[PDB]
Structures are given as structure tokens and as C-alpha cells.
Amino acid sequence: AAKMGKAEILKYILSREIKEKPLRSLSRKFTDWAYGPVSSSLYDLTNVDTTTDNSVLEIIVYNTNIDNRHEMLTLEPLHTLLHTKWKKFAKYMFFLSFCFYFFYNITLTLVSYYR
Amino acid sequence: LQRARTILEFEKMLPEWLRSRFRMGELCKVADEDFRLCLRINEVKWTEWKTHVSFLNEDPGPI
Amino acid sequence: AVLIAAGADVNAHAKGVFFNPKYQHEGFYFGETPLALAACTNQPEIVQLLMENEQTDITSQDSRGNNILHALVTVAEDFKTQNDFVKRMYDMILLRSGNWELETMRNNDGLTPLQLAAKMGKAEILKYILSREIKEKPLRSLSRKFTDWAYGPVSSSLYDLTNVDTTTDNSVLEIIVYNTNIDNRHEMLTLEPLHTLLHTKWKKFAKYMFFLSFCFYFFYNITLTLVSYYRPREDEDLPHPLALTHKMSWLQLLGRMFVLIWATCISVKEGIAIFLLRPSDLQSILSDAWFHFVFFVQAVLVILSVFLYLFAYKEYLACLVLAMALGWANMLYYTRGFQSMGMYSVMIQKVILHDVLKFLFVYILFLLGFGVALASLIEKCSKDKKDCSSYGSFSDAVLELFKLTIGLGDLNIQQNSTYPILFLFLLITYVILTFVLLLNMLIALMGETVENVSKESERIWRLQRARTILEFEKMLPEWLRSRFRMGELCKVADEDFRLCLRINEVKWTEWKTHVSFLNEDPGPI
Amino acid sequence: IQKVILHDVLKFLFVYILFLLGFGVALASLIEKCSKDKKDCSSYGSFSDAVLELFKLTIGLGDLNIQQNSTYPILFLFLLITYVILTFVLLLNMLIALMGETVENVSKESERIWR
Ligand SMILES: CCCCCCCC/C=C/CCCCCCCC(=O)O[C@@H](COC(=O)CCCCCCCCCCCCCCC)COP(=O)([O-])OCC[N+](C)(C)C
Ligand SMILES: CCCCCCCC/C=C/CCCCCCCC(=O)O[C@@H](COC(=O)CCCCCCCCCCCCCCC)COP(=O)([O-])OCC[N+](C)(C)C
Ligand SMILES: CCCCCCCC/C=C\CCCCCCCC(=O)O[C@@H](COC(=O)CCCCCCCCCCCCCCC)COP(=O)([O-])OCC[N+](C)(C)C
Ligand SMILES: CCCCCCCC/C=C\CCCCCCCC(=O)O[C@@H](COC(=O)CCCCCCCCCCCCCCC)COP(=O)([O-])OCC[N+](C)(C)C
Ligand SMILES: CCCCCCCC/C=C\CCCCCCCC(=O)O[C@@H](COC(=O)CCCCCCCCCCCCCCC)COP(=O)([O-])OCC[N+](C)(C)C
Ligand SMILES: CCCCCCCC/C=C\CCCCCCCC(=O)O[C@@H](COC(=O)CCCCCCCCCCCCCCC)COP(=O)([O-])OCC[N+](C)(C)C
Ligand SMILES: CCCCCCCC/C=C\CCCCCCCC(=O)O[C@@H](COC(=O)CCCCCCCCCCCCCCC)COP(=O)([O-])OCC[N+](C)(C)C
Ligand SMILES: CCCCCCCC/C=C\CCCCCCCC(=O)O[C@@H](COC(=O)CCCCCCCCCCCCCCC)COP(=O)([O-])OCC[N+](C)(C)C
Ligand SMILES: CCCCCCCC/C=C\CCCCCCCC(=O)O[C@@H](COC(=O)CCCCCCCCCCCCCCC)COP(=O)([O-])OCC[N+](C)(C)C
Ligand SMILES: CCCCCCCC/C=C\CCCCCCCC(=O)O[C@@H](COC(=O)CCCCCCCCCCCCCCC)COP(=O)([O-])OCC[N+](C)(C)C
Ligand SMILES: CCCCCCCC/C=C\CCCCCCCC(=O)O[C@@H](COC(=O)CCCCCCCCCCCCCCC)COP(=O)([O-])OCC[N+](C)(C)C
Ligand SMILES: CCCCCCCC/C=C\CCCCCCCC(=O)O[C@@H](COC(=O)CCCCCCCCCCCCCCC)COP(=O)([O-])OCC[N+](C)(C)C
Ligand code: NA
Ligand code: NA
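So the sequence lines, in the order shown, correspond to chains H, R, G and E. For the first sequence, the deposited numbering assigns the number 348 to the initial residue and increments by one for each residue that follows. For the second sequence, the deposited numbering assigns the number 694 to the initial residue and increments by one for each residue that follows. For the third sequence, the deposited numbering assigns the number 232 to the initial residue and increments by one for each residue that follows. For the fourth sequence, the deposited numbering assigns the number 579 to the initial residue and increments by one for each residue that follows.
Hints were generated in silico from the structure; no laboratory data involved. Where is the CB? At the ideal position from N, CA and C, for every residue including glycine. There may be inaccurate statements among the hints.
Using C-beta positions, here's what the derived DEER-type ranges look like [to be verified]:
{"hint": "1", "chain 1": "G", "residue 1": "274", "chain 2": "R", "residue 2": "754", "range": "38 to 48 Å"}
{"hint": "2", "chain 1": "E", "residue 1": "686", "chain 2": "G", "residue 2": "522", "range": "31 to 41 Å"}
{"hint": "3", "chain 1": "G", "residue 1": "439", "chain 2": "E", "residue 2": "686", "range": "50 to 60 Å"}
{"hint": "4", "chain 1": "E", "residue 1": "619", "chain 2": "G", "residue 2": "412", "range": "54 to 64 Å"}
{"hint": "5", "chain 1": "R", "residue 1": "696", "chain 2": "G", "residue 2": "412", "range": "22 to 32 Å"}
{"hint": "6", "chain 1": "G", "residue 1": "571", "chain 2": "H", "residue 2": "452", "range": "45 to 55 Å"}
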């Protein structure tokens, strides 16, 4: 479904929640607790995070064939998962890549202007 | 979408011991003899009032 | 119902940390009592069942001092997210209580439920309270809006001004104008008693104090300009004219004395105002205290140039010229006295922040980047003739590319370059990026900005004028505050005298027999 | 033409003249006397002369010489670039965008106004 860009089916599978008791273990979304209007849910990450090969997240980002990649990344477990990777490690590696490339351009400029 | 490609390219050049330090999700028991890694999202809904029946924990705090 | 009949305590307080959460997603605050829980979860039949029991204490307070009405204000949200149940729960509990005990109670911050709604920006609840009108006879004195007379489609109403006008501390009007936290101040000032009240203050005193502030600041800039343009330019005529360092009995000497005195008065007045309203937020520095900052810098540069001449350090002339240029630019503050020019100044502020700053960042990158590459391609000109290239250094190349952008001068492609074809390639690439792409895209992006903010620019202007009105009101003497008095004293109920504001109205669509009124005879009496 | 003059052009001219006359006095009072050996050492030598130079810059005629007879040459260049940003980048481009809003509204009614 991720490979062929079927966004309606993909939304249904990633957030499937079965409240009936004998078939509850077929869910991928679970309610952990609730009180009044407030609740907290858990989303299954088994074959969607990048800990295995050909995961759902990797297939969507690198899929040059389909035309709706930027709509499929709005879906519910994928959006928070990219946010968590940016906050923990990815924002600091991006700043360090900027600093090394800036110092590379400064030095190349100064040795060419002051020949 | 452009920033997402930058994130996954940074993730592949990390050593395997450092991939284990930055770990998305928590190990949870969702059913009898069924342990899955899960991601937590909170929510507030004011429009559909129902009696809550299906839950994993009776006590609703951060535990 | 089975538990209450068997002796369950109807006054218990759930006071744990889950019921008083530090962050929003970790719990659910509702006011800690069983009556408040049933109201906040939209259960109107349990609320009715609880209030009929005579053991239920309807006026109790929780750990932070909130009663039942404070708690409903805290959980309220707008119509798209929550519908209108919270407003309906407020009305049902208030009428059952039957007096003014609940709405005059203060929490641990010292706030009534009316003050708390203004502080938290709850616009739906605030609209309901300010215009509450109860037509049923025994509960009529709980109203804040009264019908004075009516005849056919024409009627005249009175609005209670008790804790909303600025005659007391922490009034509703003052809380809304100075609330830098919320994002909907300019929507809340459209509400019914607040809008006419600002109109009345402008007509009676505030429009005349605004004109007098303009005249004094204009004469201050005229005199500062004339004594700086007409300095004694002679080397032998040393003394600076400002403040009369050599008393010479010259007529019109008082303008040179006016500038030194008036610059001190600005620097004290703006020194106090920046102290009392200090922002912890850069968006509030630009949206409230901008013209406090730039009037203060201008007055300091005038005082600082006086000390530099009296010690003769020659840098006094630089401080004077920066003070003149900033002074005439500061005249744009006074456009907010008109609707047409005031909305135009709102547009200027939005276009600078959304469009102009992004353009300047990319343009300077292209200017400095192409500037070094062209300058390092030019050979030495120490041989026979001088003046063989205008791109001979980095400073010279940047100046030539800047003049090309604004279209001044001439273009010579015959420089002293080692590679003349490569020189022309880089120069044409610069023209395409700036003349064809970036300047034309700036015009198109401004068209999108103008379309969005034109919907809101009238309400943003009225918020700016409202801050000017309340600042003028605080500098009046107490005997003169009594002369300009909003409202009239009216008898709205038996032994109940309130200050009220009158608003007239014509309604052609709902025909009814008029029953509730304060006066049988409908004229101006 | 009548609607654009009244709604857009008159507001532009008021703010432009304030910037023109205000920056004109400040630049002119920074220029030294030219009574010594050579004449014609500055084109900003008076208030009338400085206003003419800033007007020609706006409509793009002539040449630009930053080497005047200023006491403080860096301060002279700072005020001149600030004038360019306020008029060339901000006010002239915003005028085009505001005319687009005026054309959209009055095009609905312009046939009935003509009749
Ligand atoms: C401290 C010196 C500042 C200027 C320095 C220049 C470079 C630094 C630039 C820094 C970034 C600029 C961003 C400014 C954003 C807000 C501007 C603004 O208020 O827009 C207003 C337009 O009228 C103006 O005042 C704008 C004109 C530009 C400033 C004048 C240039 C200086 C002139 C001479 C140069 C001498 C400089 C001498 C000192 C170096 C209208 O806005 P508003 O809708 O009414 O809402 C704000 C008002 N409110 C907050 C009360 C509600
Ligand atoms: C698309 C159009 C827009 C373009 C805009 C950007 C384009 C910028 C264009 C730049 C072209 C000018 C540089 C060429 C070099 C000339 C020589 C020179 O004197 O350089 C000197 C440095 O000069 C400076 O430091 C410049 C000072 C102004 C800085 C930017 C203005 C701030 C605007 C804020 C207002 C914001 C408004 C408020 C916001 C609402 C030193 O070099 P030198 O070799 O030693 O020279 C001899 C020195 N001597 C002269 C004393 C003897
Ligand atoms: C907890 C957060 C940090 C955790 C991870 C940190 C360790 C790193 C993890 C793994 C090691 C890195 C593998 C190879 C590195 C090669 C470097 C290189 O060629 O540049 C690469 C940047 O590469 C970067 O990731 C930027 C940071 C430099 C890493 C240097 C490691 C030492 C740490 C710091 C040393 C002392 C500094 C101390 C600073 C205080 C190329 O950049 P690019 O963006 O990939 O490609 C260009 C853009 N493009 C896509 C358009 C083409
Ligand atoms: C019935 C209607 C009138 C009733 C009230 C009248 C009495 C006054 C009431 C109270 C007294 C005033 C208190 C202090 C005054 C200090 C002056 C000063 O520093 O300038 C202040 C203006 O201040 C003004 O209000 C403008 C009018 C000057 C008041 C002078 C009183 C004598 C009256 C006239 C004398 C003879 C003239 C005769 C004319 C025919 C500063 O202006 P600002 O706007 O506050 O701040 C700058 C803008 N900013 C916010 C961006 C920073
Ligand atoms: C225009 C100059 C061009 C050249 C300037 C160059 C720089 C340009 C810089 C900025 C451009 C803007 C310039 C500022 C304009 C003036 C301020 C103002 O707004 O006045 C306003 C009111 O003020 C009046 O009452 C009108 C003046 C009548 C005389 C009253 C004198 C007061 C003394 C009496 C007491 C004596 C007490 C003293 C002794 C005790 C006019 O606005 P309005 O729209 O008519 O108000 C109605 C608004 N409403 C309909 C929405 C409700
Ligand atoms: C074309 C004939 C041939 C040439 C004739 C040449 C000579 C012509 C002489 C005089 C006519 C000059 C204009 C005066 C009338 C403007 C009307 C207007 O819309 O004002 C508006 C603002 O506009 C201002 O008033 C702001 C200041 C403008 C500067 C002129 C001072 C006004 C007093 C005149 C003294 C003269 C000083 C200037 C001397 C040149 C009114 O403000 P507002 O009501 O709050 O906002 C409107 C929005 N609303 C309608 C929905 C509420
Ligand atoms: C000019 C004189 C020097 C000033 C320098 C420092 C001034 C900076 C101080 C204050 C302005 C910073 C923003 C604070 C308020 C945010 C609101 C906003 O509109 O920002 C916008 C622009 O912001 C950017 O991201 C542009 C990137 C660079 C801006 C700063 C460097 C100036 C570039 C070279 C200039 C030097 C040239 C000098 C020589 C020619 C964010 O983009 P947005 O999405 O459209 O915002 C929508 C609103 N929102 C945030 C709520 C979503
Ligand atoms: C408050 C903050 C706002 C300030 C303004 C805003 C920030 C503006 C940012 C930067 C402005 C200044 C840039 C640094 C260079 C200094 C210039 C210099 O000193 O010239 C000297 C060094 O010149 C060189 O060595 C060659 C150039 C080196 C830097 C390469 C520029 C490309 C950067 C591209 C990306 C940069 C930007 C990226 C996008 C933003 C020599 O030059 P000269 O011609 O031989 O001098 C003759 C006189 N003299 C012989 C007596 C000495
Ligand atoms: C995917 C495709 C995109 C990229 C494609 C390339 C890949 C990039 C990789 C490498 C770059 C290849 C150049 C090698 C470096 C040599 C430079 C050199 O010698 O200067 C040469 C000029 O050079 C130019 O003017 C053109 C350079 C850019 C070519 C790319 C065209 C861009 C498309 C736009 C198409 C229109 C542009 C055509 C404009 C001519 C000649 O030097 P000279 O000054 O003549 O010698 C002195 C004069 N004399 C003869 C009297 C003795
Ligand atoms: C040009 C020659 C000298 C003329 C001077 C006197 C001419 C004045 C005579 C008549 C025009 C005045 C308006 C009367 C009719 C109102 C309709 C209107 O569109 O006005 C608008 C502009 O009005 C302003 O407020 C602009 C502020 C200054 C205008 C007057 C000074 C000119 C500035 C310097 C020029 C001198 C430059 C000379 C040297 C270069 C009001 O804004 P609006 O909200 O968009 O209006 C919508 C319609 N409404 C009112 C129904 C709401
Ligand atoms: C019908 C109404 C429409 C009329 C047109 C529209 C109205 C236009 C408004 C104004 C136009 C005229 C401005 C007044 C100055 C007179 C100029 C002068 O006489 O020069 C003399 C005085 O020059 C000086 O003393 C220095 C400048 C003083 C005023 C400061 C201007 C800043 C105002 C900023 C805000 C103002 C605007 C605010 C926004 C609107 C000397 O100058 P000179 O170079 O040495 O002369 C040489 C020849 N001579 C030696 C033989 C003598
Ligand atoms: C909240 C922050 C906003 C406000 C910040 C400041 C607060 C305002 C409060 C006080 C103003 C501070 C200046 C003190 C007065 C001294 C003036 C002076 O001596 O002239 C100086 C130049 O001066 C300049 O060119 C820059 C002046 C404006 C600086 C503000 C930058 C605006 C942001 C835009 C950033 C880019 C702008 C950078 C452009 C350089 C030097 O004089 P000179 O001509 O060199 O001397 C003769 C030449 N000689 C050396 C050969 C012998
Ligand atoms: Na031109
Ligand atoms: Na030209």
C-alpha cells in the first residue's frame, strides 16, 4: 500500500482500533487510559519505523514514482516519528554540517583573493 | 518532505551502538503474551461523550 | 442516585496531582467537586439532582480558591471545538443560586469570574456576561443589560458599567488592552459596552490631547533642525548655538533652550514606561513597545551630543545628525489618529516583517558572493596607466554591482580581466538572479500579504488607538477625571443604583408585545 | 483612474515626501564648506541640492558618487542605503500590491458608474 501510494487504505491500517473484546489483539492502535475528555493512545511501530529493511517510512520518502508523497507524511504515526528524530539527533547534525561547509568556503575564498 | 530526506540520510551514517541510544518508542504489553514497541500520543476530545470500557490501565496517571 | 440516598458525601474534594496537573496532557482539572465534574462533562441531569439536595454547598472553594463559576471559565473553549454547553451550564447554575454571591467572590489571585474570563481571553463567555438580560420577573435584578423603554421597532437599553470601566483597579477594559499573552485582543474590543466606551473617551478628551502631543513634537523637530543646519560654520566661530553657551542677548533664544529641556522630559518619561511594561517576548517588543523604544533613543542622542561639545570631542555632530533623521521618521506614530492613514501604517509593519527581511537576506548573499569572484579575476594595474578597472578590489566590485541593481551609471564590459568571456558570464548570471527573479518575486509575494491582512487591519488599528486613550487617561488630575465621566446613575431595581451606558437600537424582524421595561413613558425624560 | 488616484496614490505621496525631506536635511548638514581651493567638491552642499539628488536616485537618472565632502563618510553611506531600502524596496513595491486590491473591488461596479 505504501509502494503504490494508496493513501486511504494506508490511513485505515496504521490507526486500526478494535474495541470488541475477542478480536482486540488485531488492533494497531490501543487506548492506554482515559478520563473524561482526555485520553492517551499507543501506536504500533513494528514494520513502520526504520529498525528493519524496507520499512513503511523508508518506502514513502524514497518513492520517486508516485505523486502524493507529501500528503502521505501527514498521517498519524509517521508525523510524530519524524518530529522525534529531529529533536533528539538530527537538528544537531544539521548545524554541524553547516559549520563545516561554511568554514570550507571561507578558507577557499581567502586563499584565492589573497594569492 | 525535503527535511524528511535529510533526517533519514543522517540516520544511516550513525554507528550501531549509537543507534541504540536514540530509540523511538517504548516496550508495552498490549495483549496476553504480546509485547510491542509503541509510540504515545495524547488527545483531548469535547464532542463525543461515551462511557470508557476498553483500556490497558485502570489508573490514568503517568505511572 | 443510589449512592447519594445511602449517605455519599456530596462535598468531597479530589485534590491529587492528576486532578491539578502541571501540564495539560498529564491530567484534567475541573474544580475538584462532584458538582463541578458533572457540569464540565455536560451532564445536566446530574447537576439538577445535586443542587436539589440541601447538603450541597454551591458556594465552596477549591485549593486555588475557585468556585463553580471560576471552574467553568477555566475549561471554556470556542464554538468550533466545544459547541455551546459551558455557557448553558453557567446560566443554569447562576439562576438557581439566585443572588450575586458567586460573581463577586475572588480566587487566590484576587480575580472574580468576570475578571478571569478577560484575563484568559474567553470571548464567548465574556460576550454572554456583559449583555445578560433576564426578562423573568423575580430574577430580573441579576441582569447586566436592561430595557429602559420601547415603542414598536425602536428601543433604548442601559449597560452596567460597575467593574468594566476604569474607575477601579484591574477593570475589564484595562485587563484586555494590556494583555500581551493572548492573541485575540483585537476581537474582544468589538464587544458591545467596550466599543461605545472607547468612542466616548475619544470624543470628550482624548482627541484633543492627541493633537496637542503632535504640535509639541513637531515644534521640537523644527527647532532641532534649524539650529543644526544653521550652525556657525566658521573655524573662528567656535561655539555651538544650542543651550546658549555664551549669553549674547539674542532674540528667539528660547528655542535653543526648549530642545535641551524637552529632550530631558522625553528621556525620563520613556525611561519609566519601558521599566513598567517590560516584555519577555520579541513579538511583543515589536507589537506594543516599539515607539516607546525609538522615542527614547532619539532623546538620548540629543543629550549625549550636548556633553560631547562641552568637552569638545568633535563627535557631537554625528550624534546630532542621527537624532534629526530618526526624529522625522518618528512622525509616523501620529498616523493612528485617523482611520485611513492608521490602517496604512498597519500594512507597512506587516510587509516589512513578512516580505522585506527575507528578500534582503538572499540579496546580500548574491551580492557578496559574486562580488569576490569578479574582483579576484582582475589583474594588477601598477603598470603604465592608472584607472584601468573599476572592479579592482572587493569594496569596488560590491559598489559596482549595487549601482547596477538600482540602475545608475554606465556599464563597461572592458575591464582588466584575464578571462573576458568568463567575466561576462558571471555578470549576466547576477542580472538574471536579481533583476529578473528576486525583485519581481518580491512584488508577487507582497500581493499575497496585502490580501490576508486587509481583513484584520481595521481591528488592529483600533487596538493601537485604545492603548493611546488609556495612557492619556492616567495622566489627568483627579479633579479633572470627575469632569469627564462616562455613564449616568440609574435605578435598575428596588434599592439598586448603578452607573449605566445608554445605547439605542432599531429592530424590524422580531415583533413582540413589550412587557419588561423601566419606564412607561418612552420619550427622552 | 479616478479610484486609483484617491485610494492609493495620495497615501503614497504623503509618506514619500516625509522621507525625502527628512533624509535630505540630515545629509546636507553633514557636508563641510567648499570655500577652499577647488569649487564643485560636493553635490550635497545645501538642502535644495540634496533633495534634487535623492529625487534623481528614485527615478534612476544620472550617476552615484559616494565620495562627497562629508566629515563622516561611513555615516553618510549608512543614511543613503537606509533611504534606498525605504523607497526602492518598500514603498514603490507596496504601491503596486495595493493597486491590485483596488482594481479587484471597483471592477464589479465600474460599468454602472460609467452609465
Ligand atoms: C532604534 C533605531 C531603529 C531604526 C534604525 C534603522 C535600522 C534598524 C532596523 C531594524 C529592523 C526594522 C524593523 C521595524 C519593525 C517595526 C517598524 C514599525 O513600527 O512600522 C511602522 C512604520 O513606520 C516606521 O516607523 C518604520 C520605518 C522604518 C524605521 C525608520 C528607519 C530609520 C530612519 C532614520 C535612520 C536613523 C537611525 C538611528 C539609529 C541607528 C508602523 O508600524 P505599526 O503598524 O504602527 O505598529 C507598530 C507600532 N506599535 C508598536 C506602537 C503598535
Ligand atoms: C535591492 C536594493 C537593496 C540593497 C540593500 C543592501 C545592499 C548594501 C549595499 C552596499 C554597497 C556599499 C558598499 C561598497 C563599499 C564602498 C566603500 C566603503 O566606504 O566601504 C566601507 C564600509 O562601508 C560600510 O560599512 C557600509 C555601511 C552600510 C551597511 C548597510 C546599511 C544598513 C541598512 C540598515 C537600514 C534598514 C532600513 C530599516 C528597515 C525598515 C569600508 O570600505 P573601504 O575600502 O575601507 O572604504 C574606504 C573607507 N572610507 C570611505 C571611510 C575612507
Ligand atoms: C547527539 C547529536 C550528535 C550525534 C552525532 C555526531 C557524530 C556524527 C555521527 C557519525 C560520524 C559522521 C560520519 C562521516 C562524517 C564525514 C563528514 C563530512 O563529510 O561532512 C558531512 C556532514 O556530516 C555530518 O554528519 C556533520 C557532522 C560531522 C560529523 C563528524 C563526527 C565527529 C563529531 C564532531 C567533531 C568535533 C566537533 C565538535 C562540536 C561541538 C557532509 O554533510 P551532508 O549534509 O551529509 O551532505 C552535504 C549536503 N547535501 C546532501 C546536499 C549533499
Ligand atoms: C479638554 C481637553 C484637554 C484636557 C487635558 C489638557 C491638559 C493636559 C492634562 C494633564 C497634564 C499633562 C501631564 C504632563 C505633560 C508633559 C508634556 C509632555 O512631556 O509631552 C507628552 C504629551 O502630553 C500631552 O498630554 C499633550 C498635551 C500637553 C499637556 C500640557 C498641559 C497644559 C495644557 C496645554 C498648555 C498650553 C497649550 C494651549 C493650547 C490651546 C508626551 O506625549 P505622549 O503622547 O504622551 O508620548 C509620546 C508618544 N509615545 C507614546 C510613542 C512615546
Ligand atoms: C496634518 C498635518 C500635516 C503636516 C504634518 C507633517 C507630519 C505628519 C505626521 C503625521 C500625520 C498626522 C498628523 C496628526 C493630526 C493631528 C492629530 C489628530 O489626529 O487630531 C484628531 C482630533 O484632533 C482635533 O480635535 C482636531 C484639531 C482641532 C483643534 C483642537 C485643539 C485642541 C485644544 C482644545 C483643548 C485645549 C486645552 C489646552 C489648554 C488647557 C483629528 O482626527 P479625527 O479623524 O478628526 O477624529 C475623529 C475620529 N473618529 C471620527 C473616528 C471618532
Ligand atoms: C483636489 C482639489 C484640488 C487641489 C486642492 C489643494 C488644496 C487642498 C486643501 C486641503 C485638502 C487636503 C486633505 C483634507 C481633507 C482629507 C479628507 C480625508 O479623507 O481625511 C481623512 C484622513 O486624512 C487626513 O486628514 C490626514 C491628514 C492629511 C493632511 C492634510 C491635513 C487635513 C486638514 C486640511 C488642511 C490643509 C493642509 C494640507 C494642504 C494641501 C479623515 O480621517 P478619518 O475620518 O479618520 O479616516 C477616513 C475613513 N472613514 C471615512 C471611513 C472614516
Ligand atoms: C533591517 C536592518 C537590520 C535588521 C537585522 C535583524 C532584524 C531581525 C529582528 C526581528 C525580525 C525577526 C522575526 C521576529 C518576528 C517574527 C515575525 C516575522 O514576520 O518574521 C518572518 C521573517 O523572519 C525570517 O525568518 C527572515 C530571515 C532573516 C531575518 C533576520 C535577518 C535579516 C536579514 C538581513 C537584514 C539586514 C540588512 C541590513 C543591511 C541592508 C518569519 O517568516 P514568516 O513565516 O513570514 O512569519 C509569519 C509570522 N509568524 C512567525 C508568526 C509565523
Ligand atoms: C549587525 C550585523 C549586520 C551587518 C551587515 C549585514 C551582514 C553582512 C555580512 C558580511 C559583510 C562583511 C563581509 C566580510 C568581509 C569584510 C570586508 C573587508 O574587510 O574587506 C577586506 C577583506 O576582504 C576580503 O578578504 C575578501 C572578502 C572576504 C569575505 C568573503 C565574502 C563572501 C561572503 C558571502 C556570504 C556573506 C553573507 C551571507 C548572507 C547574509 C579587504 O577588502 P578591500 O576591498 O581590499 O578594502 C580596501 C581598503 N583597505 C585596503 C584599506 C583595507
Ligand atoms: C548539467 C549542465 C549544467 C552545467 C554545464 C557545465 C558543467 C559544469 C562543470 C564545469 C564547467 C565547465 C567550464 C570549465 C572551466 C573553464 C573556464 C574557462 O576557461 O573560461 C571559458 C569561458 O567559460 C564560460 O564562459 C562558460 C562556463 C560555464 C559553462 C556552463 C554553461 C551553463 C549553461 C548556460 C548556457 C550558456 C552559457 C555559455 C557562455 C559561454 C573561456 O575562457 P576565455 O575568457 O574565453 O579565455 C580568454 C579569452 N580569449 C579566448 C580571447 C583568449
Ligand atoms: C496632488 C497635488 C496636491 C493635492 C493636495 C490636496 C489633495 C486632497 C484633496 C482631496 C483628497 C482627500 C480625500 C477626499 C475624498 C475621500 C476619498 C479618498 O479616497 O481619500 C482617501 C485618501 O485620503 C487620505 O487620507 C490620504 C492622506 C493625505 C491626502 C491629502 C494630502 C495629499 C498628500 C501629498 C500630496 C501633495 C503632493 C504635491 C507635490 C508632489 C482616504 O483613504 P481611503 O480609506 O482609502 O478612502 C476610501 C473612501 N472613503 C473615504 C469613503 C472611506
Ligand atoms: C499647497 C501645499 C503643497 C506644497 C508642497 C507640499 C508640501 C511640502 C512641505 C514642505 C516643503 C518646504 C519645506 C520647508 C523648508 C523651506 C525650504 C527653504 O526655503 O530652504 C531654505 C531653508 O532651508 C532650511 O532651513 C532647512 C530645511 C528646513 C525644514 C526642514 C525640512 C524637513 C521636514 C520634514 C517633514 C516635512 C513634510 C512632512 C510630510 C508631508 C534654505 O535652503 P537652501 O538650499 O540653502 O536655498 C538656497 C537658495 N538661497 C540661498 C537663495 C535661499
Ligand atoms: C535595537 C538595535 C537597533 C539599534 C542599534 C544601535 C542603537 C542606536 C543608538 C545609538 C547609535 C550608535 C552610534 C553612535 C553615534 C556615532 C556615529 C559615528 O561616529 O559614525 C560611525 C559610523 O556609524 C554608522 O555607520 C552606524 C550607525 C548606526 C548603528 C546602528 C546599526 C543599525 C542596524 C543595521 C546593521 C548594519 C549597520 C552597520 C553600518 C556601519 C563612524 O564614523 P566614521 O564615518 O567611520 O568616521 C570617519 C571615518 N574615518 C574612520 C576614516 C575616520
Ligand atoms: Na533606470
Ligand atoms: Na537608469
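Against the structure, the hints come out as follows:
Checking the proposed 38 to 48 Å range against residue 274 (chain G) and residue 754 (chain R) shows it is violated: the Cβ atoms sit about 23 Å from each other. Remark: the range hint 31 to 41 Å for residue 686 (chain E) to residue 522 (chain G) is upheld by a beta-carbon distance near 38 Å. Between residue 439 (chain G) and residue 686 (chain E) the Cβ separation comes to about 41 Å, which falls outside the hinted range of 50 to 60 Å. In this structure the supplied range 54 to 64 Å holds for residue 619 (chain E) paired with residue 412 (chain G), their Cβ-Cβ distance being about 58 Å.
For the pair residue 696 (chain R) and residue 412 (chain G), the beta carbons lie near 31 Å from each other, so the given range of 22 to 32 Å is met. At roughly 49 Å, the beta-carbon separation of residue 571 (chain G) and residue 452 (chain H) lies within the given 45 to 55 Å, and the hint holds.
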